[PDB]
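Chemist: One letter stands for each residue in the lines below.
Number of protein chains: 2
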Amino acid sequence: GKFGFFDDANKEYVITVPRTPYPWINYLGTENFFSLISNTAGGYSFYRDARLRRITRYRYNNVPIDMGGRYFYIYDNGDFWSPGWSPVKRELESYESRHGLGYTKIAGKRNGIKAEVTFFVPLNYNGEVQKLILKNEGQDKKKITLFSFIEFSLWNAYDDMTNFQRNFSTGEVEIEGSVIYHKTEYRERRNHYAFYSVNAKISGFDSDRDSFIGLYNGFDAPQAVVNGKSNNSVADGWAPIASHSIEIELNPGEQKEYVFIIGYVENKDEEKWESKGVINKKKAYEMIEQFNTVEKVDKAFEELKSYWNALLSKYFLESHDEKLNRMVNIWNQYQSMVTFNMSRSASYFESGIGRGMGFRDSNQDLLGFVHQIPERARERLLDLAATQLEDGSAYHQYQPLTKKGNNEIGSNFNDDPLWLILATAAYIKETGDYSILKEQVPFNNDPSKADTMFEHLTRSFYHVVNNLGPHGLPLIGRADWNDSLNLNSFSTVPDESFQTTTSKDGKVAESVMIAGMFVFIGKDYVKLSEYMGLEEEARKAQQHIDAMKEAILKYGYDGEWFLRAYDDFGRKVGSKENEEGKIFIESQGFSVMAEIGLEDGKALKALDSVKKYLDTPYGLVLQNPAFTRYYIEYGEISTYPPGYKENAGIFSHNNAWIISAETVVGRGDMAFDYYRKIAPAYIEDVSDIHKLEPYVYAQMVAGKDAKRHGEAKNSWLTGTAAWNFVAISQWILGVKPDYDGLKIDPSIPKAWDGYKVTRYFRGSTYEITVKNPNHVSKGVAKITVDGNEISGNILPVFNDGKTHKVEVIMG
Amino acid sequence: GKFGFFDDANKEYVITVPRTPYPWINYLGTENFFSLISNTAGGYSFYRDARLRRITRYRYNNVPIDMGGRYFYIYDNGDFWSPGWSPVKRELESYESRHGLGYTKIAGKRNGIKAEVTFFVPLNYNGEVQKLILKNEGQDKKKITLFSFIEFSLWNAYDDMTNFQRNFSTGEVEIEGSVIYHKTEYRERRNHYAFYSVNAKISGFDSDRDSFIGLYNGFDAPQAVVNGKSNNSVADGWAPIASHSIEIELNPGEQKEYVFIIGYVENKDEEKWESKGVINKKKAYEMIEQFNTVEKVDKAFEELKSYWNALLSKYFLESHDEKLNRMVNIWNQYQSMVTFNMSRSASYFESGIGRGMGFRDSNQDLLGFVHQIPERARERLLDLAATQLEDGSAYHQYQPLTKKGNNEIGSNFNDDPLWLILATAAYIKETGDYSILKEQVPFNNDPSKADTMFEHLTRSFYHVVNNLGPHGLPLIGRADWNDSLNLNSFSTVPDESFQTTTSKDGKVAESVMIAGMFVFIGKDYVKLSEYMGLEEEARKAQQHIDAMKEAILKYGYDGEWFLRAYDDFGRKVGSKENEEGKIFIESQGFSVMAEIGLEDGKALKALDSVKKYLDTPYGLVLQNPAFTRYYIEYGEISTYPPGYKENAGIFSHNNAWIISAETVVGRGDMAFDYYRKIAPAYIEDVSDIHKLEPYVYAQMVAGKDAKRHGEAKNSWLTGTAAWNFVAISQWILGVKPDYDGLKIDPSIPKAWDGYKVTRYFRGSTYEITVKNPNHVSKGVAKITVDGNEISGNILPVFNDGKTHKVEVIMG
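Line by line, the protein sequences give chains B and A.
For what it's worth, the deposited numbering labels the leading residue of the first sequence as 2, then goes sequentially.
For what it's worth, the deposited numbering labels the leading residue of the second sequence as 2, then goes sequentially.
Source of the hints: derived by calculation from the structure; they are not laboratory data.
Any given hint could turn out to be false.
It does not matter which identical chain is used: a pair holds within one copy or between any two.
Capping the alpha-carbon separation at 27 Å, the derived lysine-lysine pairs in DSS-like fashion look like this [as the list claims (entries may be wrong)]:
id : residue 1 : residue 2
1  : 277       : 708
2  : 404       : 12
3  : 405       : 603
4  : 184       : 505
5  : 744       : 144
6  : 283       : 757
7  : 106       : 136
8  : 230       : 90
Next comes chain B alone, as it looks inside the complex:
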């Protein structure tokens, strides 16, 4: 299972065969304009909103897969082909694809003609730039034609795919020079348009899909390309497209360069028209002139490379393992930044039709990208807090575009408020900026009810205290971290919602997972309360935390592992008494992270049980045994076939918490063994089984009860990456931000001799060399800073813009 390899010097993944197990994609764009592009150049673009500003059309779950994108056709004396091998799918002499940081390259050769295309979105630019090089590597003079093709969307994906009865009559275009402008509904309430341009004189164009392709033809053989000539069609309803055609003559060894741009323009309502029925193209002219030569494109490309390099430079590892180096230094951080930029909107599994991301999802992503973009993290934290309700609860879905909560989805997921405390504590530990606590933040997006951010944290903390169950454990509500564990739903209707349609009062079912999370984040809440000078409130919160710990030890432990929950009948969930689902993974990680059972051997016993019952070669499953029938009292978890999704699937996100707990109990070999089973670089040798991108994490991998055990689903958009990076970089390697500074506390395999981490922290750089002469897993024998031994394991803060050498000797 290889269809490629890693190129670490260029920070790329190189795909060497076009028929990957699944189309492997990449993301372009940082601020507003975004593109999804596959290894055959399939995908689509949008402007800040995949649902309401889609620029090009893409068909999900299509036959054949991934049909539709930025398609270049080389036509040579009757023959024709594509650089990406698709859609034509004629055999190429050579094919290569490269997925880099914010850009993609595709190269293809046939009959002595080579075509190389680079796709990327430049910084501060509302478009996608495609640099195309055609080269004659044959011995004879050639006369060819180049066709470009994209397919427009009508700005609203849902309407675009459902409301044909109106929108087959709305499509409009303009053609001027070498630019095709898509302007559907620009005559009416819309004030934006799209354009496709090339920086050379064209020999023909096409804008009607039925003219360029043909009604009964597909993308693999458009009639205009088959004939070797454009039809110069002007769209009038139906499906607008954009296609240029240029006739080229290449001598042997001669090459030619072209720049294609897919751009988006917004005009002011008073500057919409150049004349009656003619759109104002001034901004399009400026955009097209920005990149009308190859030198300008190359300068922008180098600027993007420098931008991504600066983003990835604050944590740099040097170890003996090149897979670990590649994961930590490039791809984990890249995925974290991409998730921040994109939310949960669009992938090849997310259709881009949703309205927002999870509140806890944003809070957890912050934990991953906080060290790369601290100020944007501060702004995101404030925006998230502003949507909280006055009672301390939060809307399940956050809308980053409007920075609002989803009123129609509701706010009864009882783990959500604690993630805000966790993210705020992480941000403060990263930056040391306590001032964020004193900011005035509205409640429910209402400035009249605004209070301090610390008050938001207090209300989140006391939301749990005010909703305890009969055993003193938090009430689970609709669901907790596991969105499919619905203990108050009791649904019997196929179309009914499992999460936001409840038939129970919700006063009995309890979550042990929320209890562990509460004990874990209470430490940070108490520490922050002491900073604000509120000592009595800190003492009271500590009392509540102690009560919760006692409740967990009295009603949350089963004998060899921690229970999962209590259902609406007051019966145990995740117990050896149950026939199925005897042990769950979620209740173990957070319980051990909170340091419950460290001295009496309960945490170690629970982790041993986790290894015994949940471990597979591809990671740890959610629960064991799997559910073989529907349990109306458990909700959506039992509606999947065994081994899939939350019915005993493998989730890297909750595997990372078991990794952290394993470090907590001081077993670094086990932590790293768990890490390698799910880390993308370590499973690249079995790509055919994994079937999805070998350079990013996926949400779920089929568990041992499934027939496709080892196959992944829902890649590229998931909170797994953030806490996986946290677990590797802070809990295993031991470079942990802390309130007073940088704490060193590795939990590593005994056989390692050492490693080096360069960390940018609070205005300075720390070059930390770890040594393991006695080959232990945990414990620091000595720390030296600038040649002087220090006391403790907290590094001093300098904030002087210089590099300080740190020597850590373990033992």
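Once you've looked at the hints, dock chain A against the given chain B.
Modeler: Showing chain A alone in chain B's frame:
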């Protein structure tokens, strides 16, 4: 422009080339199981609900068009083809398709092998039956393989096309004998499943799409078919399919027969499982045994033919024009019945994702199908009335599946309540059953507030009286008959609803069209009040009607035609003073139908203006001149490019009202000339311009301002078929149901010598021969019944199950 011809003896349309200008479709099923099938066998099936019980997957607006259906592959020694020519699209020796009444036939031949398939849904059967005949017309022995293929839907089209993140892990099947059962989510909350069976022993099967087709292959060349062998794949998530493979051996001249069934089964929650994880198949066994021989299939086919013949037999014309005979006798009535069965749910332009049909559309379809199914019409009328609100208004969208109104869509369309009166009057005139007036009908689906159906009519009538505008004309509200004329919207934001998001109070803008409709239906309301004995309440309603007629004559007439409306500024709409939209079509038809301006030349002048400004060779446009820019004060009508949809498009529905109005002024030549311009059979010779089905009406044809002038959109599901049939059958030909009996009053071209109509009416048959010896257009000189001359133009009611001869002499 022919790609086929009419076969009137078999009541079929025969398509002789597979590449029609657009895929031409047909509908199968009468009661609960429904199928859309194209001329290449594309389409899909569902059970009563295209949105929530879709059985097979179909992709709208796909490239290439219409890919996905019931696909049979003939594999012959390496070659392979399809009888429908699609999806393989290899050249056939012969191809034919036939669209009949409730069934479709497709025949194709290649390399001496002929395959013909008949698709239909039998009566009282929850499935689609496909009878396949293979024949060796060659000279040598042949050994071939037959593949059958369908692609399943996951029961919920919207979820099926948006929610891949969950539903790529839910697909499940069972395979037993020659049957593939699709049972996705049957394990949790669904009590229904689907199956695909063949009545012979199979040599192989496939149920995983990626195994049968291949990830990078399309429907045109599935890998299993290319290899000539099934893979026996069992679906596990992703895309479940159903495919059979049978190895056949045919001698020269020998034929073989097969029956394939796509069936739907619903089980009781207690009889769901045969054993643990095994679905109960008893009902599937009974269904499959019902049609396991060709004799049973043929018997069911003849029963369906008899059913449709009985449906079409109540109105039979015999004239000199075979196009008119074919339209009146077969296709108009067929379309009316299909619209009753299907509502507005699914076509090749309606994606099947909506949740109901229009209230006015439901009432207007009844005027077309009332003479075919009187008792079902009575039930439908009662169901529609039950959803009416207490103030007399109605929900804009009706839900026939639940017989409810759409609460979220609103009720401020001020023309809706009058259509209920119109439909009730039509039903009573058809049947003479006044008892419906005294039924107890709930208000807003609330039995506590129920009253008589006549009370519902009264509240509908007085909803207009209580919402008059400054000129004494009805307030238009959100919209009227024309849903795109929004005079209270003033929308500036995209994605915003034009019809249900108002910014003005709605106390100024008036509709002249609603005024004409009110005057037109007031006659029926007064007649019904007189029948109910409420003589005082009929005098007051007559006073209101007279006041409205005076208001129309004082503020609704522009000088040579009737005005259209007044906007929120109190300014005229549809006036010669306006720059664009000087005259509209809607305000003329209903005004003349109400008989306003008959004795002073106003109606004739308005009709002459309609002829002068709105007439094109393809029908009459909505308004002239077209709007060339957005008018915020007019709403959605201005958002289309000129000549398309409501911006000066051609709508047959409002052309029919002009036809009736032309009959009212006694100009039968003009009425028939308008009728022929839009009647399907008369435009079959220009099928390449029309581009859509030549046997059914379409909603809209591009107007003279459009570049595609003459091209149709949104065919096969409409309201135009009903009133077009009414206009031809009652207003031109003059066989009009009346309160006291059947009224004869033709308005025909002067050159016609006569014709004959056999009408089934109120329990008897009338064989009416019309003669025109003096060649007039209107006026009845004599009527003779059973050889005896009668007085007046109302035929006596017999209700005796016999045939009575009627002789009408015009003059």
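Chemist: Next step is simple, just say for each hint if it's right about the structure.
Modeler: Cross-check of the supplied hints:
no., hint, in the structure
1, 277 <-> 708, "between (63 Å within a copy, 19 Å between copies)"
2, 404 <-> 12, "neither (34 Å within a copy, 61 Å between copies)"
3, 405 <-> 603, "neither (42 Å within a copy, 59 Å between copies)"
4, 184 <-> 505, "neither (51 Å within a copy, 29 Å between copies)"
5, 744 <-> 144, "neither (66 Å within a copy, 77 Å between copies)"
6, 283 <-> 757, "neither (53 Å within a copy, 69 Å between copies)"
7, 106 <-> 136, "within (16 Å within a copy, 53 Å between copies)"
8, 230 <-> 90, "both (20 Å within a copy, 24 Å between copies)"
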